[PDB]
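Student: What follows is the residue order along each chain.
Protein chains: 4
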Amino acid sequence: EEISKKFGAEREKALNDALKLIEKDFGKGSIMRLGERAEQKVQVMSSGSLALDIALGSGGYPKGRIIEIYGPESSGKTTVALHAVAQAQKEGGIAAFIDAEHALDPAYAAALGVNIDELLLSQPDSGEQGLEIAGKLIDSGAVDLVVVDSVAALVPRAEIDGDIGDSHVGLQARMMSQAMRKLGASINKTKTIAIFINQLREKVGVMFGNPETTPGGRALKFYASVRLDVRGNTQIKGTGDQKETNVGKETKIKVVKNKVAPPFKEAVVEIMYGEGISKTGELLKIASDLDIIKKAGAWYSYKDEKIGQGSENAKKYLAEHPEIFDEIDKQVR
Amino acid sequence: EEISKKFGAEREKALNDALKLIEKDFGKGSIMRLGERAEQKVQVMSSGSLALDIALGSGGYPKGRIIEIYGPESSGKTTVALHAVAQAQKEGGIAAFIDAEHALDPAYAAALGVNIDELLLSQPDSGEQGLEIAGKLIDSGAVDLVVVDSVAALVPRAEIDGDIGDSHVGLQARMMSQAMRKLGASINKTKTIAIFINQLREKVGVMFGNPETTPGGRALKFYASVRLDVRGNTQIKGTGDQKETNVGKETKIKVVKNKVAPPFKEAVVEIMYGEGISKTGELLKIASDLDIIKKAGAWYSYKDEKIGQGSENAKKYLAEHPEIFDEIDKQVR
Amino acid sequence: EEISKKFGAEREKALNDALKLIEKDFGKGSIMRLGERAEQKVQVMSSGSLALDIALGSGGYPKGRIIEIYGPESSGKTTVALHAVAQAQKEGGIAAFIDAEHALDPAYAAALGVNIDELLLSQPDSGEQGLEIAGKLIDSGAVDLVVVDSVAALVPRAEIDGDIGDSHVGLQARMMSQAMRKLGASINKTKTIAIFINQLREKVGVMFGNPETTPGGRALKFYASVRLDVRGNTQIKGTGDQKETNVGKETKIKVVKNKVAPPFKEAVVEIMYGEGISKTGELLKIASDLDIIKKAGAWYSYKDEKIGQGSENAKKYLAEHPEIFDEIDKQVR
Amino acid sequence: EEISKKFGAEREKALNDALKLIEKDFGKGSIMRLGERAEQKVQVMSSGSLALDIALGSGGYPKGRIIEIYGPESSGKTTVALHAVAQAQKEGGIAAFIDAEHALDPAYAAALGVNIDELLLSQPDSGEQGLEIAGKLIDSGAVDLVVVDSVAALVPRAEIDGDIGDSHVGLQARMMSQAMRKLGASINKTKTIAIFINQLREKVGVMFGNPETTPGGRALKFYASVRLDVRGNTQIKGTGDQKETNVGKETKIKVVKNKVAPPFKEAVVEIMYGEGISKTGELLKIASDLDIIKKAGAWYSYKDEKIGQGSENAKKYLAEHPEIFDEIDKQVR
DNA sequence: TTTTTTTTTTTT
Ligand SMILES: Nc1ncnc2c1ncn2[C@@H]1O[C@H](COP(=O)(O)OP(=O)(O)OP(O)(O)=S)[C@@H](O)[C@H]1O
Ligand SMILES: Nc1ncnc2c1ncn2[C@@H]1O[C@H](COP(=O)(O)OP(=O)(O)OP(O)(O)=S)[C@@H](O)[C@H]1O
Ligand SMILES: Nc1ncnc2c1ncn2[C@@H]1O[C@H](COP(=O)(O)OP(=O)(O)OP(O)(O)=S)[C@@H](O)[C@H]1O
Ligand SMILES: Nc1ncnc2c1ncn2[C@@H]1O[C@H](COP(=O)(O)OP(=O)(O)OP(O)(O)=S)[C@@H](O)[C@H]1O
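Residue numbers (the working numbering), protein chains in the order written: chain A, 1 to 333; chain B, 1 to 333; chain C, 1 to 333; chain D, 1 to 333.
The set of hints was computed from the structure by calculation and includes no laboratory data.
Treat each hint with caution, since some may be false.
One copy or two, it doesn't matter: identical chains are merged, so the pair holds either way.
What the hints assert, rightly or not - Once the Cα atoms are required to be at most 30 angstroms apart in a straight line, the calculated BS3-like pairs of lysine-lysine come out as: (1) 303 - 249; (2) 221 - 249; (3) 5 - 259; (4) 90 - 6; (5) 221 - 254; (6) 191 - 13; (7) 136 - 5.
Let's have the full structure, built from the sequences with the hints guiding it.
Tutor: Here it is, written out as structure tokens:
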């Protein structure tokens with residue numbers, strides 16, 4: 001009743017008839033050669049921290065993918081996301097933070113650089129409405145970056161009504177693994193960054209390596225393209241009120257799984273309290289090891305205003321004058 | 001059959017249709033711009049102790065979050081909570097202590113300043129009725145500050161009936177990590193202070209730094225917004241019974257994680273036995289280093305009643321005459 | 001009205017009348033003797049990794065079968081499939097990758113050895129067009145190897161439109177166990193490799209053995225003929241820029257079910273970041289155990305450039321000169 | 001006008017007039033007394049595996065019946081069927097394997113003992129031609145054993161042309177329950193073994209016992225006469241490559257429904273990779289329990305070559321000398 | 001007629 005034994009005989013007619021037949025129902029761009037598929041070239045969007053951009057390898061987060069960040073107690077996993085929101089918003093793109101922990105005070109965020117009139121914030125109770133407000137945003141609109149914070153706090157609906165301390169086994173993962181399969185396949189058709197910053201909790205029963213995993217389930221880690229781990233709680237004291245007080249936290253960002261460039265190229269980053277991640281104070285250490293500034297215990301030798309050995313080393317004049325940044329940024333590139 | 005490949009084209013109609021579609025099911029205030037979301041301005045409520053209030057930076061506990069306090073054996077973690085109840089109760093707000101240790105002697109508590117006929121005390125046995133009596137209080141009522149003390153002693157139900165020495169691995173954190181997910185997402189819809197004070201316990205296997213952690217688990221610290229640590233057990237002997245006897249403990253309050261202002265600005269506080277925290281003796285040290293009250297070993301030089309060098313330094317007239325505090329509290333801002 | 005008692009009396013007329021009866025309606029090769037049927041001889045295509053071809057026993061994936069690969073987080077289950085695409089594309093055969101995770105960046109792919117203008121990529125949304133685009137490809141054309149990435153990401157149609165977190169019991173397996181029954185019987189009339197690389201998620205309720213299974217359902221395993229599990233996360237630091245940084249990952253491929261050779265004959269494999277599976281540095285270890293290269297901690301003594309004890313051991317001369325490989329591959333046979 | 005009310009009065013002429021009337025249109029071999037019907041004495045054909053031949057009780061599969069076997073992933077449900085094919089082919093019998101998964105590689109099967117130019121294989125697509133090619137073979141010829149593997153792969157005709165994932169409820173069962181009623185009533189007229197090996201898939205919604213059933217439908221079991229469940233996946237390491245490597249699989253065969261002997265009489269069996277089921281290694285565990293070989297941890301004491309405690313215990317001499325088996329297999333009666 | 005997914009530390 002049908003065609004006979006399909007012996008392997010590569011007739012280009014016998015492939016082009018099928019490559020005409022499977023487009024009468026599914027459009028013109030549902031099967032094509034990759035060398036004419038120019039959309040799969042990973043467009044890159046930067047992050048301000050040149051340490052993190054030279055750490056990622058390709059120079060920023062890949063577009064159309066999912067990145068997740070997690071680190072321990074008060075290590076600025078919110079601040080890197082806020083800096084990325086300001087970075088993606090600066091070059092003409094609309095973003096929409098949504099919150100879970102009810103954590104983003106706007107007066108803190110306004111000092112970093114993110115605007116306030118262009119942040120479509122939300123306050124969901126459950127994850128059932130906490131994720132469709134991202135779904136209908138992405139799959140309809142043309143936003144460029146939308147984050148959801150603290151994915152241990154997307155509480156499912158079936159125990160926002162019940163009692164306390166009962167059996168709800170896997171009832172977080174059975175929402176997260178399903179909403180990821182619904183959401184994160186319709187992102188590459190839009191090429192929009194989506195970040196889910198995470199938590200840390202511990203297991204029981206270990207003889208090897210890691211005692212610290214993430215909640216939400218294993219399904220989040222497989223779909224995520226670039227993972228970031230942010231650790232480090234040592235402190236630095238500056239010349240705050242010309243004396244010794246705490247003015248700087250110092251963390252460390254290591255990239256553990258990446259799909260565009262080799263991972264485990266960790267970076268080193270400093271941050272002051274309130275003024276966000278200091279990009280100019282970041283610039284000095286990464287220009288020191290390339291020796292475009294000469295590192296010495298008495299006199300930083302090279303250009304831009306005869307530094308010395310204070311604390312506001314370069315920041316006393318290149319925060320005063322712009323347009324010295326682009327001769328250094330592409331130069332260290 | 002649906003909308004086709006969603007090309008990135010920033011049409012404000014193509015976002016405004018979504019910003020009409022996602023409000024027919026979740027009301028009018030489920031997504032809006034932050035520049036018109038004036039409710040996220042952090043309402044600040046002070047706490048009487050001017051050293052703690054200048055120590056936080058913002059000037060009080062941020063209204064609508066969770067704060068936690070812990071310190072070692074008998075250092076007054078209860079007294080700062082009681083003083084916060086009195087401060088939130090002074091300006092027209094119903095408060096509700098509940099106990100776990102069965103430790104609040106009311107005759108002590110009446111002398112600090114909190115009333116007794118406006119305090120919804122309870123006696124929960126386990127955590128099962130221990131936090132539903134907080135949940136149905138917060139998520140229904142309009143209270144302004146509730147506390148639940150000693151979260152090491154919210155014993156779970158599954159071993160309030162069994163023998164002693166039974167394997168119950170994780171059965172405190174497996175209650176707390178779900179109880180906080182039930183509570184601390186529905187606090188910001190009422191903007192109500194909730195405090196959980198804590199005990200300190202040690203670990204085994206140490207090569208770096210801290211040998212003292214907290215029980216309850218890692219889920220409590222992440223959702224907590226402002227932490228406070230209370231240490232210090234030196235004593236002071238005053239003119240008690242005209243004699244060198246014990247009248248005063250002296251503790252040191254440090255802020256280790258904050259979300260509204262830079263942390264690690266610790267204060268210095270005194271406390272007398274029975275009279276609660278002493279704000280007047282707290283006032284002299286913080287007025288000394290700004291020299292509104294002049295520091296001298298023979299004669300405290302400035303205004304209000306010609307101090308001298310006794311022990312009741314300023315307290316012998318400002319406890320007897322009011323309207324001298326308004327020229328001091330806003331003046332030291 | 002019909003034939004009488006069919007007593008067993010083996011007349012070859014009484015079977016040859018049936019073997020001329022049942023072929024006038026169903027062609028000539030619907031039933032024949034197996035010893036005159038040379039088509040059941042399992043034609044084997046290699047995979048480049050000599051550890052894998054000495055591991056599989058018969059020297060590669062057998063044609064006309066379905067293989068699957070699964071491993072934990074970021075262990076190169078994509079990379080072995082890419083190397084198989086390169087091996088099937090090298091000796092004159094058209095291949096067609098398709099994606100589900102929207103994962104394969106082409107700039108990474110062009111480095112391993114796969115061509116770009118001879119790859120029929122696709123971007124399906126649902127599993128509906130996810131598998132019929134494989135069915136119409138195999139059952140019509142004459143492709144030689146076609147893979148499908150991440151069969152846990154082939155979401156069915158009936159909940160690509162529904163809400164989040166609803167009753168959708170078995171709706172992945174109820175597509176997979178039917179589409180496999182429609183697909184995987186028409187492969188052996190064409191003898192074409194089909195690879196379905198997979199995921200890993202856990203169960204609940206365990207007493208014995210395995211807590212890590214696969215999604216998709218039980219039907220994917222049973223029709224699969226050759227299974228591969230790829231584990232391992234140790235690292236090796238090479239002489240990257242005369243610095244000890246990360247340039248080498250190391251996995252461990254084990255074969256757990258086979259139908260052409262005994263199972264459990266696991267293999268060892270290294271991988272560098274970007275150059276794919278390094279077959280050259282892999283060749284030295286499998287030549288060590290047969291001692292055609294003399295393994296010594298000071299001087300690799302045998303032929304081909306008189307190696308020594310560096311890091312680029314053999315690749316410093318056989319990546320510069322060819323035809324030393326065919327006197328080695330059939331030599332280690 | 002007809003015969004009157006049939007009063008019960010057992011006259012032998014009143015029975016013999018009916019028992020001559022009802023045979024001139026239905027033949028003589030349609031009704032007879034049981035005590036002379038020598039066909040219903042169940043002729044038994046053995047199975048090679050002596051533990052299975054003591055497990056069935058009657059010493060093999062009863063002829064004229066339909067037996068079926070099923071077990072989970074890779075427990076050798078193909079191998080027991082191939083061994084039964086070789087056992088029926090050994091004593092003068094022509095057999096006809098047919099395949100559904102297109103799974104029997106001939107080079108594996110040639111090692112077990114089944115001849116290759118005497119196996120009428122077929123390659124069906126649908127179940128429509130998949131079962132009539134067995135029907136016309138059984139009902140016409142005088143074949144002695146014929147199997148059809150994997151009855152979850154006999155896909156019906158009505159969706160071999162349709163799309164993927166449509167409403168086809170019970171479309172497998174309405175083929176199977178009808179073709180079994182057409183086929184398996186004409187087996188007692190020929191006394192031919194027919195085996196249908198099976199799969200295992202899981203039900204949803206349970207409160208008692210078994211969560212695992214078989215596909216194909218319910219009407220397979222009612223017509224089946226002997227069922228067998230084949231589980232067990234633990235391994236044994238022998239002296240392969242004078243090394244403890246994987247050379248041995250060990251399963252467990254139970255009989256759960258039988259119509260000639262009581263059920264639940266399971267057996268134990270071993271299988272090596274490539275050489276099939278080992279009958280000599282099967283003989284030792286069944287000869288130890290009747291102490292024809294004495295079980296001792298240091299010296300297997302009894303006859304046949306003064307065994308000792310190696311791994312090939314009996315295989316060092318009865319692999320080369322025959323006719324010591326005939327004084328054993330009848331001896332263990 | 002077919003599975004889907006983990007969760008939490010305790011103490012010298
Ligand atoms: N706007 C701000 N003003 C002052 N200090 C801040 C501000 N934001 C953050 N910090 C502090 O600086 C650090 C950076 O913040 P985060 O890394 O986000 O803290 P955290 O450990 O992530 O806890 P979360 O996730 O914010 S609840 C922390 O130590 C904060 O206490
Ligand atoms: N009402 C009171 N009258 C007299 N002494 C008091 C009173 N309340 C507290 N104290 C003492 O003053 C100090 C302050 O109390 P706390 O810091 O609460 O003691 P503690 O170490 O916290 O133990 P807990 O948690 O209160 S049971 C302690 O040294 C108490 O012994
Ligand atoms: N083209 C590439 N460039 C740089 N690093 C790569 C590239 N491909 C893979 N890697 C890395 O090398 C390893 C091999 O990749 P994979 O095994 O495919 O990762 P994975 O664990 O399988 O996750 P998936 O399935 O690819 S999303 C991983 O650690 C990747 O981060
Ligand atoms: N000819 C062979 N050569 C090597 N190994 C074999 C061969 N036949 C079977 N095996 C292996 O030995 C075991 C017995 O085979 P089977 O019982 O057929 O496996 P299975 O679980 O039944 O899967 P199926 O039914 O064959 S698809 C399995 O673990 C096979 O991997």
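Student: Does each hint fit the structure? Answer for all of them.
Tutor: Cross-check of the supplied hints:
no.	hint	in the structure
1	303 - 249	within (28 angstroms within a copy, 41 angstroms between copies)
2	221 - 249	both (28 angstroms within a copy, 19 angstroms between copies)
3	5 - 259	between (41 angstroms within a copy, 24 angstroms between copies)
4	90 - 6	between (57 angstroms within a copy, 23 angstroms between copies)
5	221 - 254	both (16 angstroms within a copy, 23 angstroms between copies)
6	191 - 13	between (35 angstroms within a copy, 20 angstroms between copies)
7	136 - 5	between (46 angstroms within a copy, 15 angstroms between copies)
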